[PDB]
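Chemist: Here's the letter readout for the chains.
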Amino acid sequence: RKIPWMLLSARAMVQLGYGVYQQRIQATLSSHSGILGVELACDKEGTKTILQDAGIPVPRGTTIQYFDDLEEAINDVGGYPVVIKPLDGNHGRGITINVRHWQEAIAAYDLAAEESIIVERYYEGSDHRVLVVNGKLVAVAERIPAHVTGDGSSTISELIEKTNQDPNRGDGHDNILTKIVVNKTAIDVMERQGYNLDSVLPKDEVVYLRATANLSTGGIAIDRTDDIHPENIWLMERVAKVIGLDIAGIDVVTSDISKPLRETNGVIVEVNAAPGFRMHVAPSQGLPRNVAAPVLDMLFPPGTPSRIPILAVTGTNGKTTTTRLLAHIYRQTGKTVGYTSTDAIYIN
Amino acid sequence: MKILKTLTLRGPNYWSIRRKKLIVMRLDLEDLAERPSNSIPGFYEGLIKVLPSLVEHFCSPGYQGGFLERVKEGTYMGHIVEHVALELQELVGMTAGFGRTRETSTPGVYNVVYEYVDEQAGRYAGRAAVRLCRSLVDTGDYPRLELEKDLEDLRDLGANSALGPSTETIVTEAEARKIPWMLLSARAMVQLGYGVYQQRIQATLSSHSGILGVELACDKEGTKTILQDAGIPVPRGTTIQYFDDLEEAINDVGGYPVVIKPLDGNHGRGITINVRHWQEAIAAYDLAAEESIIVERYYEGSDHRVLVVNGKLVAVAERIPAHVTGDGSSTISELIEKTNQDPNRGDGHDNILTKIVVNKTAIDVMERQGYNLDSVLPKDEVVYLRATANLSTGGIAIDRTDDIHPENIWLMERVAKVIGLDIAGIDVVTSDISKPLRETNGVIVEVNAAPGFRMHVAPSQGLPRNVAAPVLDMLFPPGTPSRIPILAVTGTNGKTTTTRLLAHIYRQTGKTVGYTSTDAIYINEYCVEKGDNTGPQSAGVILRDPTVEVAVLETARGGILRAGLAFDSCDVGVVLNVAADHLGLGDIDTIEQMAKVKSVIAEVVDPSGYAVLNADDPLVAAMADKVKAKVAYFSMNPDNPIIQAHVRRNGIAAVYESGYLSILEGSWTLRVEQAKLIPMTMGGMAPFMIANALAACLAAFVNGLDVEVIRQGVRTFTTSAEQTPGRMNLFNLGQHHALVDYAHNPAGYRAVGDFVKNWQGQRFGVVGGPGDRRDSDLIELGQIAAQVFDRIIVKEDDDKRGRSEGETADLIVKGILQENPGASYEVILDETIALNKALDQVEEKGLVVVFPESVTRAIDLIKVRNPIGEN
Amino acid sequence: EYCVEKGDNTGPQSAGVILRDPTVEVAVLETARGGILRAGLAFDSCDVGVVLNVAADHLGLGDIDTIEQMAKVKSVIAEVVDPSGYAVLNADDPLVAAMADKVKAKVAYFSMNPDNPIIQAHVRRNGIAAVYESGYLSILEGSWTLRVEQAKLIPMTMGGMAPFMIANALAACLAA
Ligand SMILES: Nc1ncnc2c1ncn2[C@@H]1O[C@H](COP(=O)(O)OP(=O)(O)OP(=O)(O)O)[C@@H](O)[C@H]1O
Ligand SMILES: Nc1ncnc2c1ncn2[C@@H]1O[C@H](COP(=O)(O)OP(=O)(O)OP(=O)(O)O)[C@@H](O)[C@H]1O
Ligand SMILES: Nc1ncnc2c1ncn2[C@@H]1O[C@H](COP(=O)(O)OP(=O)(O)OP(=O)(O)O)[C@@H](O)[C@H]1O
Ligand SMILES: Nc1ncnc2c1ncn2[C@@H]1O[C@H](COP(=O)(O)OP(=O)(O)OP(=O)(O)O)[C@@H](O)[C@H]1O
Ligand SMILES: [Mg+2]
Ligand SMILES: [Mg+2]
Ligand SMILES: [Mg+2]
Ligand SMILES: [Mg+2]
Ligand SMILES: [Mg+2]
Ligand SMILES: [Mg+2]
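Residue numbers (the entry's author numbering), protein chains in the order written: chain D, 177 to 292, 297 to 528; chain C, 1 to 292, 297 to 875; chain A, 529 to 704.
Please note that a few of the clues may not be correct.
To be verified - List time: in silico SDA-like cross-link candidates among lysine to any residue, alpha-carbon distance up to 20 Å:
1) C:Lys-20 to C:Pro-143
2) D:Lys-515 to D:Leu-476
3) D:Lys-421 to C:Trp-181
4) D:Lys-316 to D:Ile-488
5) D:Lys-421 to C:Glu-341
6) D:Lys-421 to C:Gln-512
7) D:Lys-515 to C:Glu-411
8) D:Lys-421 to C:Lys-364
9) D:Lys-316 to C:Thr-516
10) D:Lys-316 to C:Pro-550
11) C:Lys-364 to C:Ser-333
12) D:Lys-220 to C:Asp-781
13) A:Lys-632 to A:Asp-643
14) D:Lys-224 to C:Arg-177
15) C:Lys-421 to D:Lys-316
16) C:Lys-818 to C:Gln-764
17) D:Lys-316 to C:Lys-515
18) A:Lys-634 to C:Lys-515
Hint data in this document are derived by calculation from the structure and do not stem from the laboratory.
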């Protein structure tokens, strides 16, 4: 788009444009991102409170400060199929997504207890990411965790070697997908499903090797941008406006993105300020989206300039005199004029 | 004295329009109701010695002591509980004096109404007043400790809910400018304005403060780097990671007069401002070392704070640390006692200055100056008791706003823009703010995002500045609105229908329209919530919504009586009718009282707006003399003296004339449409639907919509079955019609009866009527079916059976028989299905009218008959 | 600053030259009693009406013999100010301050003495006033004080030695 850019001397910031038309960015945050919105989005209790007061569907749950009351808490929530989380936010740690039994709640409790949002109802559906940029929807993608399937009468370790050779898989960001790695955590996930590495899967059976989806751990991302229902589009835009964030990622759990969330019993789980883009610009299935174009359109709105006039004067003799006169003439229009010479740097 | 019920009102209400904050207590005087003080020995002297301040209370006598002119001649504890609750709040600074007492229900039950400042302190004082007053009518006194502990609880309740001073400063200015404000449910945020014009604040941060700017301002290394790259003067210094190299570092800095700081940021700790010697650097080093910006040159000048709000300078103040001077040949401890008695000094924020406190840190500061507490100072010598300035530690602040040089003003504004912060505090060190910083060798030391204001709004020397005004000017720029239009609809019958039509008309302009009704909360035809959504809690969902441009709200009496109105003022207030519904509930027994509840809407319309009144209703038309707003009228008869007198003075009215719905604007007539061509009205046969349409058209017109927009809106509006179930659902079933409605109060039975009278088909019959909850008005209702219907059948032996059995069917038939004896089938035929099938009792093209116990059954028993469709 | 006509140009015939002029954005008109008594006002209504003082001048002319009658002529300006506008009255003048009870417009006051009960009662209800205090000409807007300048630094006033010039300056500042 011919917009000039520069790196700045502090905090990994980048400047776009010149003079009075400049904007700054830092990764996925910009000069248009407010602090009150970003801080609210990082407060899970705060976010939930604000959204349910607006009539927006969120998960049902409570607060148990490591009291051995989980066995009763489930009664307010609605039964055993619940989610147990550390009370604090310390990444994806100490979390059990589907507690089915009393003793599972206790194992989760003991891990939750390691930190200083508990017992949520577990809603059944897929994990969808919705990207909203200026109070307007840009992209939707469905995320699935690393897995293998019953692709004939093969064992899980055999299936992993068979699919981990796929040419679209590799390290870092040099490929679309990455490699599947078996570790103690893959085993813990497989054990809960009734399987191990030497197990043979039934035809078309799917076994997950991870608890959550992520492209960086070997999962997949499917573009579903054109399959989202008009009412769901309206709700997502309203969520971003209620929490006050320009660029936002919204995490939605639903069985069918093409039907209204009220009919499929779906919920909004999380609102993320300053989300990443790999899953929308390099999906494993579906078509890539130009995510950046909607960002630059809000920073530099249609028919608006990114540059200020530049008058450059050179030659062997007379430059300083010509430069001072020309700056003096522009100054008679009432504008701020900056200039440089061999004597000094001046502004007005 | 037992408390039966407590209500907290927050907004214009029944008791007062202006006294928005009230507590209404329902108190049962089991005792005392029969003993008017003179029957309670000692209850005069006891009450006054416990609460000696109760002389400032006036009652019917407009005199000081007017309360105490009575008491001995009692009021049956009215006035006494009321005045005690008000005095207990006044004793702790909760300043409140409005109150009233009224008898209700059976004798002895009273409504005690009093003003509050804080909601919990208010309710607490009420309960405390009852305990105090009850002990004094049992015994002759009240223990002092049982008064002191209650006053302590009120002081804490009124403190816990307080806003901080920077929020109070902005909120107070917002009220002066008529900008509405609300507290939000999370992170101590405050909302300013409604709908699409809302802004949020939190102390000194706002919706306009960017995150990149705020984070950069908190990074001292980052800030310094960015500013020196812009040509802005900052202190010279280096980075020594607790290596014992300070002795060399000073050589790059320029010598010994240096500043040693902890490398990290952990408040004012481990900092030496002027190192003069090697060993001082080491002591500072050892303290700096406690944290994980060192060796700056020490520049010599005063500490100045500059406040910039929108890339523009607002205020400048000079800050000086707590000190004493050589005010005669006195010692430092003597000088501190002499000046610490100054009347402008005290705790917290209750004074301008605060007290000087000597502690180990004051001593450490004095030792470095060569002084101690027993030292005598030379005349005019100054000794500092603190290393840094702060009003909260006993220092001073001097306004220097008008003494700042034009070049320095330019530089300060450039600094705020370079770091990207809207509201910023800049810390400057200079010997003379009236000269350029380059000439005085001054520097910029720090940039603070979200600074406080006490030093600028309450300086110890110089004039106070209105800091908030420049903040609200950026949030709500000159000639820009803070509110969205509000159209409030009330009256006994027709509110939901009028509300849906009016929202439909505004929607034809392409705006986002939000509305609330008894069925659901909607935004642009999407349903947000379902159920009875009338009342102030729902109104707040629409008003807080960032996308809404127009709000249309149906308003019920339950909401007003229970908690007041949610919006304070509105642009259009529509009152449709007053009728004898809901009497006996909410302490309202008469029609004259019901009219006072409905008039609340008319009395909150802004003077620049309009009240829309029904000129055919004598209680409603009369409200015109209370209204401060303009008045518009509607009627079903052009020959109405009110309408004629009004248009002759160039007022506006809407009338039904010559088959048309038209607007009279002075001498000119504007026809909107024909009644028969507007689908909500059953071919012009439903007068009550015509009246609801006139009210919606007039409200749309007086608020500025064009006539063509109004025509488009009325022509495309529908009220089909399953859109408005139970409200005139007229079904086509071969050579037959059936009507399902849900008349509630008697006016709705008459409204349906007129529809029936206008029908041009075959004979009519009715298969329904009123239940168990009706207060014997059943005979009058039976008398409405009489002479309306040819066949009248009683079905009123339903399942609800709140009392007894099918007694209403018996009372209803007595009414039917008295007015139209001989009507076909004046018997009870069934409870349900064998009667609402009686389409088979009607000839070709006749009609069955249903007044069911439940609409779902009424319509599903028509669907089973294989209907064709809508009439 | 261009002169259109010279001579005594007060009265409704001159006001009409300015009001009919296609280039004028702001009109400032001095109004004399001769014009009002002879032909009425030229403009019907205005935004700001300033009444500076009532004194016993021109008595016996135009059928006005008393000071109470002269006050009724001057009050014509205060009574034609649009309800959305302001009347500016002299609080140190008992005939002028009294006009406040006839005015349908908002009222602002000026004085040479901050300790004037009218001014105090008025600012306590959040009105606006201009006073001379501590060597400064300042505006009182509710609880806040706005200082404009020092009397000695404003050239029309002879170094702060001409109280009547200070009062004229306060009236102009408050109207603006
Ligand atoms: N109540 C719930 N019902 C169903 N799934 C849920 C529920 N709560 C969370 N999840 C799932 O758990 C996943 C883990 O996200 P989580 O809410 O734990 O956030 P986090 O701790 O920041 O972890 P991550 O970095 O994976 O987002 C979510 O993406 C979602 O799919
Ligand atoms: N157009 C010209 N042609 C020739 N000589 C000139 C011209 N203009 C100025 N001079 C002469 O040359 C000198 C250099 O002037 P000036 O400072 O404006 O030059 P400059 O191009 O900025 O040089 P420098 O390379 O030092 O920056 C002048 O003082 C004058 O004597
Ligand atoms: N190089 C310096 N020369 C002179 N005075 C300085 C210098 N650096 C800091 N100061 C003074 O020290 C004071 C203490 O502020 P400091 O820079 O230590 O910030 P801080 O640790 O956040 O403490 P505070 O809460 O008092 O601002 C400054 O207000 C300033 O007056
Ligand atoms: N203007 C009117 N006058 C008399 N009866 C009316 C009028 N409008 C409607 N009705 C009748 O009263 C019934 C109540 O209709 P509607 O639901 O619109 O009332 P409402 O005022 O919202 O009542 P509620 O108190 O239940 O909310 C209608 O179905 C109809 O039978
Ligand atoms: Mg997540
Ligand atoms: Mg050269
Ligand atoms: Mg040169
Ligand atoms: Mg500081
Ligand atoms: Mg009702
Ligand atoms: Mg209703």
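Chemist: If a hint holds in the structure, say so; if it does not, say that too.
Modeler: Evaluated hints:
1. C:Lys-20 to C:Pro-143: This hinted pair is violated, its Cα atoms lying about 34 Å apart.
2. D:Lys-515 to D:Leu-476: Violated. D:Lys-515 to D:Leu-476 sits at ~27 Å, over the 20 Å cutoff.
3. D:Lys-421 to C:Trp-181: Holds: D:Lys-421 and C:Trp-181 sit about 19 Å apart, inside 20 Å.
4. D:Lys-316 to D:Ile-488: violated, 30 Å
5. D:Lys-421 to C:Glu-341: The hint is violated at about 57 Å.
6. D:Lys-421 to C:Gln-512: violated, 24 Å
7. D:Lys-515 to C:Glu-411: OK: D:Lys-515 and C:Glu-411 at ~18 Å, within 20 Å.
8. D:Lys-421 to C:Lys-364: violated, 53 Å
9. D:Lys-316 to C:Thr-516: OK: D:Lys-316 and C:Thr-516 at ~16 Å, within 20 Å.
10. D:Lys-316 to C:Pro-550: Holds, at about 14 Å.
11. C:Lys-364 to C:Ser-333: Between C:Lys-364 and C:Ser-333 the Cα gap is close to 24 Å, so the pair fails against 20 Å, i.e. violated.
12. D:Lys-220 to C:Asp-781: Violated. D:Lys-220 to C:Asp-781 sits at ~55 Å, over the 20 Å cutoff.
13. A:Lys-632 to A:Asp-643: At roughly 26 Å apart (the allowed maximum being 20 Å), A:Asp-643 and A:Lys-632 break the hint.
14. D:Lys-224 to C:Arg-177: Roughly 33 Å between the alpha carbons, so the hint for D:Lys-224 and C:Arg-177 is violated.
15. C:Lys-421 to D:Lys-316: At roughly 29 Å apart (the allowed maximum being 20 Å), D:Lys-316 and C:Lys-421 break the hint.
16. C:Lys-818 to C:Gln-764: Violated - the C-alpha atoms of C:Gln-764 and C:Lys-818 are around 29 Å apart, more than 20 Å.
17. D:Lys-316 to C:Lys-515: Between D:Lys-316 and C:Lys-515 the Cα gap is close to 17 Å, so the pair holds against 20 Å.
18. A:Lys-634 to C:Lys-515: violated, 37 Å
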